[PDB]
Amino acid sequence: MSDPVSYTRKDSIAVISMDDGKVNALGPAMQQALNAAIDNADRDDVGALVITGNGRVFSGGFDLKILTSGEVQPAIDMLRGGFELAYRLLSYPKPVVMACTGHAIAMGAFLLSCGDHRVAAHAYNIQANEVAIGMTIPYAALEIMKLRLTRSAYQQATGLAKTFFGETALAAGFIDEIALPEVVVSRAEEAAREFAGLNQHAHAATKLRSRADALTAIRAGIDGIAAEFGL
């Protein structure tokens, strides 16, 4: 799909929407488009970001074709880019609100877990499915999940590839708020406009303090990706 990310500034917020016409795979093209959209948000100096998926998914994860192939450097580059995007969003100086508009799997769940506030509908599944399909979870991904999940949810989400949704996702720490499907996006935008009213300097400084060790470990995980591939 020709333009997998849209960027729209609406007063105090920017809305960044993923729709590649498929499952919003976080391959190189999608990552480039997402980074370009956040660059726009930087230039526009917005009060808050909203990131959404499409009518089917938030994101189904990395480009599975690149993963299943066995190619080495392309996979390393895709994983590094995905986790760098996570680092960028977790450290973002403005509030970031995720509109989880469908299921969020693997890198989709990791991306979702970078929002300051995360809104989903009851039925939307959130899952690190890596272990179910033969992939060991990268250290950077573990650190992203560890930052948000309860101790017991973290255990099951990782080693057992547990699927969460609705009340179990809320209790686990995979999402912060449940809304009806037709208002997930509007509620995300409402929340973003509210958070834009927080003191930006204090928000930016405090969120970094509240994530310092995780960010350091994510950085280490990004640096270590090639070694995870035996290089």
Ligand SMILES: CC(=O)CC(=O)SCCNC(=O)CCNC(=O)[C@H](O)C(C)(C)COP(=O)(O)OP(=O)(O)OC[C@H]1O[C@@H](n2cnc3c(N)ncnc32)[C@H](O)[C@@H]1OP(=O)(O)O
The other form holds:
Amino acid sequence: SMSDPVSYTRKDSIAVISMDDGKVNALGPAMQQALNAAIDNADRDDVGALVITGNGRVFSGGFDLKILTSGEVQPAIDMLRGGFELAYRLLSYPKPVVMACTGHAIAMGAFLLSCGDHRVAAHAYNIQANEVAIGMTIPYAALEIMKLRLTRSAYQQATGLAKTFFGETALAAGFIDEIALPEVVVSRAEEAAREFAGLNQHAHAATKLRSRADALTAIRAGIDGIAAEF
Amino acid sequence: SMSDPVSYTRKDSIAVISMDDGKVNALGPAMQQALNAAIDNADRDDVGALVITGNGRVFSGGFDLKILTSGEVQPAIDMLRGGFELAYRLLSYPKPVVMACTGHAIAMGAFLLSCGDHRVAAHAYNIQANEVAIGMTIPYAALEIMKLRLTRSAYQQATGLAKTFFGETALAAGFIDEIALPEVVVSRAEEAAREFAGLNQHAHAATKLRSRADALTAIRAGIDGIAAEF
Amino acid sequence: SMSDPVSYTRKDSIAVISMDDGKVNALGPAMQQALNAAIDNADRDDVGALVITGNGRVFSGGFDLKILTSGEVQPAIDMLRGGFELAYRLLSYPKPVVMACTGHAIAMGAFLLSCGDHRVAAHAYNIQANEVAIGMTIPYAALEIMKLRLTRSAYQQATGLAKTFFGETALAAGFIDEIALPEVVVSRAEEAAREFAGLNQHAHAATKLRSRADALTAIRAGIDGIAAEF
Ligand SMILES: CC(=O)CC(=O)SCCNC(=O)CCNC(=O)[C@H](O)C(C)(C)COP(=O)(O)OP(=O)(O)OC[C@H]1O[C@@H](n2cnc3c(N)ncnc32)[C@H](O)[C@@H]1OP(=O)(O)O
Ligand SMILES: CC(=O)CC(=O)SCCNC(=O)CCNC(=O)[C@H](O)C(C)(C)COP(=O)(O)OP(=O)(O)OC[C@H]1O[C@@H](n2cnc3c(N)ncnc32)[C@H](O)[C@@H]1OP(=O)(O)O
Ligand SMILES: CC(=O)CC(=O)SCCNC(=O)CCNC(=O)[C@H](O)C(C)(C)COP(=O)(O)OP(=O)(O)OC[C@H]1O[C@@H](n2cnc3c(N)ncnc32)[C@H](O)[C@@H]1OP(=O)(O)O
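Just the form solved without ligand CAA so far, so send over the form solved in complex with ligand CAA.
Entire complex below, previous chain first.
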């Protein structure tokens, strides 16, 4: 929403990519462009690991609702495809990816969060696929992302019932991996990233793909199936 | 077992369907007929959500053991097929379904319980697929129902070892979603149902099916495979 | 490593098979041969259940690193194939199998552990697929074994991040089923085994296979795919 919604900072073995559009980090075309460019920077720098953060208010409130509800079909399709493409890129990323969930993560915000190898949040941040609560069916690509992380029963309630998770319930459900106090969420994320950069990169990259093979295939299908959804 | 084993009561936005055959709510042909008819009533009333309860003694002790062990093959086949058909109907039901687990849930009782979008029990109610303990192999349709809800490791022990779950262990395993005191299990179920009726029905119905697609397909196969089991 | 690395002791309804090569119970050809022979003994004795233990130092430190890194391709292939064959044999074993995790279980040690119907450890024993930390990609057969037991999110971190689990985190993740004090790990294992011997054997054997059908098929493929890995 702001003109310059993503910052990139390299600190030794890691790259820190921060979303702040001055509002709720809506994942519209400009934000997606800025995130892809930031990842290109990390590629160029051949960093050991990535940390992705939100701002002080949210991790992200999801796709841009203005575009989603504008009545223009192809722009909405393209926004959704771009968001799930970014999810694909992060889930298959050859370096460890750590998410600093610095506030609430709703819908595409929660799906983006769910692409990190490690995810840190504070206890009062809501994580929810709210689609059903607002009259939308969850796209197949999103379901596959959630199915990769959420326990079988948590997955059931997260989808059909739009259940909100947080703190201990998010940890148990598999929506996050670590709970920390708000003031140290980013620091904990950076610490984990520095540790994971110590793993063998080749083995990490190859193994993560094997552990996500079916999901990645289904996500590709889901991306090519977005049009059909509309 | 009693002549009139199911009651149907509409309360504002929900329908409450209660099993009480005066004994252990055996899921024989009469009980299955009564449950299907009660669901037909909820369809006619276009209710916002369903609550299904057991009695003061059990949720259900499962299929009628008398019929199961009578030596008459086709009646046993038909009873099993009907039970898993009912499971299918509830898992695909277009409105939120909340189970009030008012006592122990054994075998088909536990599988029926596992068809609710939300399931509430008290801490001392046993939930168990006891088939292996009594010399029976678990039908594929039942396995698919359990695999939809139980964590990977809980699923292993629930099946091959006939493990009994309750209270905190049932919650962790995914055999239930909420623990409440016995005297408020039904009230909590009704409260949740009223909340879920507030979700968008079209989106709930479409999303729940997507979140259960593979299970539903496998359950259909399992229903058509019952004969082969005998 | 020692000349006589496995002991077999029949106690009433169970057989106790103990690994102790005088070091870290490396799963090389001699150890695999001794374990298979011990299982043959249990077959001959038609025991009610199996307990498999490590020594005072570890459950097992995994495959023999000397052979793995010797530069001789076929011996390394054969060692890996034999280890996953043993895993297959135990996962499909017609009697209940209980693992007494008497110390750390690393890599193939953790995969072997994950083949038990019930697994008991003490709280400070590390359970880890350390492959990525040491520059190796996890074999598909190993991934399938882990995917059978670890929750969706634990599976992600166990593989790509070589996460170490122990105590409460191992229990939650699905790397173990029971935590006990070190001095009673074996006793608890034997107690559980005696209980499981009371289950109907025919039903246990048939049900466990159904609950593991996809994993077993994929493990067979993974065994035939070991060569390709090298
Ligand atoms: C289609 C898909 O399958 C999934 C896609 O992601 S669709 C996007 C779905 N996302 C949503 O519906 C978000 C619902 N909103 C929220 O959860 C909360 O607003 C929030 C947690 C994101 C922020 O909460 P908050 O800090 O307390 O601020 P709040 O009082 O709620 O209002 C947020 C402001 O940003 C706007 N906003 C919130 N989410 C937005 C989004 N995804 N796109 C565009 N604007 C958004 C609100 O309209 C409001 O704007 P104004 O105050 O200027 O009128
Ligand atoms: C074939 C499949 O794959 C799965 C199918 O579901 S097969 C059904 C498998 N179900 C069982 O084996 C049930 C085993 N029984 C139980 O778990 C317990 O009886 C219970 C939890 C259901 C009730 O426990 P309880 O309130 O303490 O009563 P309890 O003292 O155990 O006895 C229950 C009474 O109902 C009967 N009963 C229990 N389950 C029954 C069933 N599923 N069908 C017909 N009768 C049943 C018992 O025979 C006993 O009858 P009587 O006292 O008249 O002789
Ligand atoms: C290829 C695959 O996909 C998976 C296969 O399993 S490959 C095997 C991977 N396993 C490993 O890398 C094991 C790494 N080592 C460990 O985790 C720890 O050594 C352990 C937990 C096994 C034991 O810890 P410990 O009791 O504190 O003893 P520690 O001080 O670490 O040293 C262990 C001793 O046994 C040796 N050892 C440890 N694991 C071994 C293995 N898998 N094969 C052969 N030797 C091994 C060490 O070299 C050391 O030997 P020396 O003291 O004689 O030089």
